[PDB]
Amino acid sequence: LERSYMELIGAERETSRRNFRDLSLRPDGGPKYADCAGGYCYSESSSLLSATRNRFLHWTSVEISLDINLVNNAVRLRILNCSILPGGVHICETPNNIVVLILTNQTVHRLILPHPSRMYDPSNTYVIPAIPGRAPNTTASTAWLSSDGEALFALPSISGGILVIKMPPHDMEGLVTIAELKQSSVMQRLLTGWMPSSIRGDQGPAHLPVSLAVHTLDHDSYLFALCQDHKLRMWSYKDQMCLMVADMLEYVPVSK
Amino acid sequence: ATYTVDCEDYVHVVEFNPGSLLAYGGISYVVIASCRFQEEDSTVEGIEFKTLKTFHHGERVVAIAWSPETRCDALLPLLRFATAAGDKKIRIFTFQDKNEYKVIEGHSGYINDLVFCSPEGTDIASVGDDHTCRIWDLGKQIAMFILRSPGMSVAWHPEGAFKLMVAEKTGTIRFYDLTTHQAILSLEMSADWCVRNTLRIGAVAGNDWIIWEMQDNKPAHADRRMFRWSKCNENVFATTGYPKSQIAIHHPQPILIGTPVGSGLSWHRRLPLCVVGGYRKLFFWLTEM
Amino acid sequence: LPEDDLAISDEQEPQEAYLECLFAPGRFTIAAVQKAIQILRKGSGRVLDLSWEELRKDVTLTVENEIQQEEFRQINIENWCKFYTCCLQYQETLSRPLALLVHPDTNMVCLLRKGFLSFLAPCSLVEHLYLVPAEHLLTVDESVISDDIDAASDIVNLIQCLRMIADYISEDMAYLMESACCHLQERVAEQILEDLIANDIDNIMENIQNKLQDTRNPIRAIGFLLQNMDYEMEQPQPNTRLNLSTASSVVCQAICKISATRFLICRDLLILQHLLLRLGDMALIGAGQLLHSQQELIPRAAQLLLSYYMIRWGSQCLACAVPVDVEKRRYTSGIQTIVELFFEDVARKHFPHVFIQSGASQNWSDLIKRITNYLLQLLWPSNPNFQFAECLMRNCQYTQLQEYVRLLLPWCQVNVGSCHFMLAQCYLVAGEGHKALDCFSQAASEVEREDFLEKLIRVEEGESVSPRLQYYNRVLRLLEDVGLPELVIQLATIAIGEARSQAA
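Protein sequence lines correspond, in order, to chains A, B and C. Mapped onto the deposited numbering, the consecutive letters of the first sequence carry residue numbers 42 to 69, 75 to 107, 115 to 173, 197 to 332. Mapped onto the deposited numbering, the consecutive letters of the second sequence carry residue numbers 9 to 26, 33 to 108, 111 to 154, 156 to 205, 212 to 237, 244 to 253, 255 to 273, 277 to 284, 288 to 295, 297 to 326. Mapped onto the deposited numbering, the consecutive letters of the third sequence carry residue numbers 443 to 510, 520 to 636, 639 to 685, 690 to 702, 709 to 788, 807 to 843, 849 to 985, 990 to 994.
FYI, nobody ran anything at the bench for these hints, they're computed from the structure. Some hints here could point you the wrong way.
Stated by the list, open to error - Heads up, simulated DSS-like pairs for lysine-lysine below, C-alpha to C-alpha not over 25 Å straight-line:
no.: 1; chain 1: B; residue 1: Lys-64; chain 2: B; residue 2: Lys-318
no.: 2; chain 1: B; residue 1: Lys-180; chain 2: B; residue 2: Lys-261
no.: 3; chain 1: A; residue 1: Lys-78; chain 2: C; residue 2: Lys-565
no.: 4; chain 1: C; residue 1: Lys-855; chain 2: C; residue 2: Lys-720
no.: 5; chain 1: C; residue 1: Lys-484; chain 2: A; residue 2: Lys-78
no.: 6; chain 1: B; residue 1: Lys-64; chain 2: B; residue 2: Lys-118
no.: 7; chain 1: A; residue 1: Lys-314; chain 2: A; residue 2: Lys-258
no.: 8; chain 1: A; residue 1: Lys-78; chain 2: C; residue 2: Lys-533
no.: 9; chain 1: A; residue 1: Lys-78; chain 2: C; residue 2: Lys-499
no.: 10; chain 1: C; residue 1: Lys-664; chain 2: C; residue 2: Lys-809
no.: 11; chain 1: C; residue 1: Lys-720; chain 2: C; residue 2: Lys-664
no.: 12; chain 1: B; residue 1: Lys-157; chain 2: B; residue 2: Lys-114
Please construct the entire structure, taking both the sequences and the accompanying hints into account.
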């Protein structure tokens with residue numbers, strides 16, 4: 042036997058007792079009303095006690118945030134020199150506000166959302205020296221805080237690599253610094269394979285991050301990652317080193 | 009052009025069809047006026063009202079209909095009315113006697129409308145906010162029928178006394194045959216009949232209006255107040271703005293008349310005039326075409 | 443399954459029916475309808491600055507303008532069908548899922564689609580019975596008794612008998628039954646069968662009679678199922698009436720799905736009882752009762768008429784609500818439909834302590855179970871429509887109150903002077919001053935101490951001063967306040983004739 046779930050559907054259209062709130066960052075069919083990649087965000091009140099009860103935002107990528122919470126309205130943003138890449142939106146919480154990290158096709162935008170009044197300095201525009209030479213892929217923000225913010229970016233082509241951006245919002249109106257992370261996997265447990273093949277400028281290496289996820293237990297700051305050669309990797313944010321690896325069973329997880 | 013008379017008390021206006035006389039519902043009761051064709055200037059088709067007399071009841075008349083039983087002798091008018099009173103009573107007046117229908121048997125809500133018809137006997141139909149339609153047969158027999166929602170209007174099939182129409186506030190129009198099975202047909212301010220009942224109208228307060236030539246049951250045509259039927263012409267249709278005084282004649289959109298507030302209005306027995314009651318005045322308007 | 447047809451006239455003409463069937467499907471967004479309007483016209487972003495009702499009018503007017520009695524009806528139906536298909540086609544691009552996120556503040560999994568948001572719910576008993584098949588209903592392993600009659604196999608046989616008789620009715624036939632069932636509130642079962650059932654049933658009537666006769670005690674069985682379907690120990694009570702505390712929009716859509724499935728099942732029960740009552744069979748007539756003390760299908764039928772009434776009321780409440788041109810229940814002013822407004826009046830959350838249920842084990851799901859309750863658990867409390875309609879009236883929702891006026895008069899046991907006093911106020915607000923008087927004259931408010939209705943306060947302020955002539959004194963003042971000066975005076979005279991209070 043098996044039980045059936047049922048779903049409840051709500052249309053992402055304007056609330057018939059509210060309206061919108063529009064923003065442009067900087068000088069500007076199926077596209078118009080059908081998203082390419084959205085996500086939800088939850089700024090939980092165990093970490094973010096100042097948001098009591100925490101706001102549940104919906105983000106759809115022209116970039117629409119709807120409060121799907123037990124609270125209020127929506128906001129929208131227009132993004133110069135389109136579009137927001139799939140997975141290019143990331144969210145984490147400051148002790149008094151919610152921050153959106155957005156990549157377009159090769160610009161980094163840092164948007165603080167004034168959620169107490171938008172549903173009832198907001199944007200800083202950054203160009204990152206890694207981006208002119210390498211394509212962006214996935215992002216994970218380690219932290220977004222009131223006066224700071226730190227984020228992890230993976231690149232797929234012409235070669236794989238992992239970038240840390242560190243931002244000071246309130247120092248000199250948003251200067252930025254880089255840290256290059258070598259993915260320094262000295263050993264791996266279990267199986268073992270290594271084959272780094274290169275020919276054309278269009279290539280992906282073995283150590284390309286396929287997927288990654290951030291983690292916070294008390295003072296333990298860690299990032300988990302999966303490589304193209306199927307390595308499960310444990311990256312310490314603090315030391316910027318790979319503390320542990322395991323090599324998986326081989327199979328083909330490319331578009332074959 | 010028009011003929012105008014001031015009036016002390018005013019409510020509903022009916023014209024005598026079941033013959034050149036007019037009844038003004040009022041707070042005290044009903045004033046009877048006479049339509050006189052004469053004009054002393056020898057210009058004809060100028061029509062005056064003579065206020066013959068005020069009938070007294072002591073209660074407000076909301077709705078009134080004449081009976082065919084009315085006659086005129088050598089000066090004395092023998093007149094019979096089916097009336098609606100403020101205390102939710104339907105009465106039959108002869111000032112010799114007054115029939116009362118009230119009590120448990122009567123309506124316990126506002127009575128929106130009443131109509132009279134002639135079989136081998138006489139029938140009074142009435143509809144109320146109590147959610148009932150009642151038939152009164154003239156030995157006294159009564160019937161009480163449930164409506165789905167409050168009955169705003171009721172009218173008997175012209176040339177066919179057994180069938181009637183009820184308009185419920187919800188918008189259901191029902192076709193009732195008292196003699197046969199009660200709910201013969203249904204359709205989804213007032214509804215009324217037209218012609219020899221060859222047509223059915225249905226009028227809403229948002230001003231949408233349906234025309235049925237009683244294929245499927247779908248309305249043949251529809252346009253855009256409360257409908258008041260031209261007695262002779264099926265296609266000529268009258269509407270008004272109660273709260277101004279814009280009166281529209283529809284069959288394009290003509291606005292023929294603009295008077297103050299308009300209480301109630303009706304067509305002359307042969308169609309040439311419209312009688313209009315305003316707050317302070319009663320009026321004959323001639324319309325041609 | 444969605445079905446569509448012509449209309450004789452009960453659920454109006456096709457234009458109105460297609461307009462509701464286009465605005466109401468849960469596979470609908472505004473942007474897809476607006477894009478479809480562009481195909482039958484031109485335009486683009488200018489349709490965004492239109493009100494929802496103006497958008498309904500532009501769609502309806504656009505379809506009517508193109509079409510130039521039977522061919523006119525057929526061509527008009529086809530244009531609406533083409534428009535419905537085009538709206539759905541643009542919309543199904545949105546049905547693509549993009550991601551799935553769990554939220555720990557809520558007990559919610561959230562599905563992200565390309566322009567629709569979804570959440571997962573467990574199915575109710577009503578949803579499980581509505582969907583096919585009969586075998587899958589019987590495959591549910593018996594936990595409250597053994598593999599046996601009280602499980603119940605005999606009950607599950609009866610609910611599928613109900614559903615088969617209901618599957619016979621067309622949409623035209625179903626609409627005439629709706630017109631009848633609210634009006635129905639005489640010896641109704643005999644007449645209701647003759648017009649509605651007898652014409653539209655084959656001689657499957659013999660097959661229905663035989664199967665009902667074979668089953669032992671079928672009245673007890675389907676009465677116990679009704680109790681399980683209107684089932685929303691101490692633990693059960695705790696899991697029942699959950700604790701009194709976007710959320711509205713979400714459960715409005717759930718209450719519509721649950722109301723529609725129940726609305727069929729409550730009708731289906733009535734249809735089978737109507738079918739049983741006009742059978743010339745002694746054995747089946749005897750199976751429709753406990754003999755002495757006598758309890759027939761007549762007591763059961765009354766509860767079904769009441770459940771149908773409350774559910775059909777809630778189904779109507781989906782469509783409408785008019786705006787003007807945080808503690809104080811701020812949703813009330815800002816809601817977009819009456820079912821959402823009805824939802825929010827019933828607000829719940831499991832986590833807060835309940836003053837009147839201190840032993841309860843500690849909002850979306852909780853609130854559904856409680857809205858479903860208030861329709862189903864009746865005792866001493868006031869009529870549900872009357873309480874909700876008063877809340878609407880208090881928030882100045884006169885058109886919505888006017889729409890539901892007919893429902894304030896229903897079955898005689900549920901009809902009270904407070905309901906009639908509300909009819910009278912609604913008629914005053916909507917300018918129907920004559921009908922307002924008729925209701926005020928027939929019904930008396932001699933309910934001086936009823937804390938529940940904010941509407942009674944104006945009567946009660948004088949009842950604290952004075953005694954029963956105060957009803958006419960109140961209505962006298964109310965009609966002064968709306969400027970109806972013939973009717974005011976009569977009540978002042980009634981108030982003296984019914985009679990420090992004299993001086994006042």
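Open item on the list: Hints numbered earlier in the text: which of these fail when held up against the supplied structure?
Closed with: 6, 10 and 11
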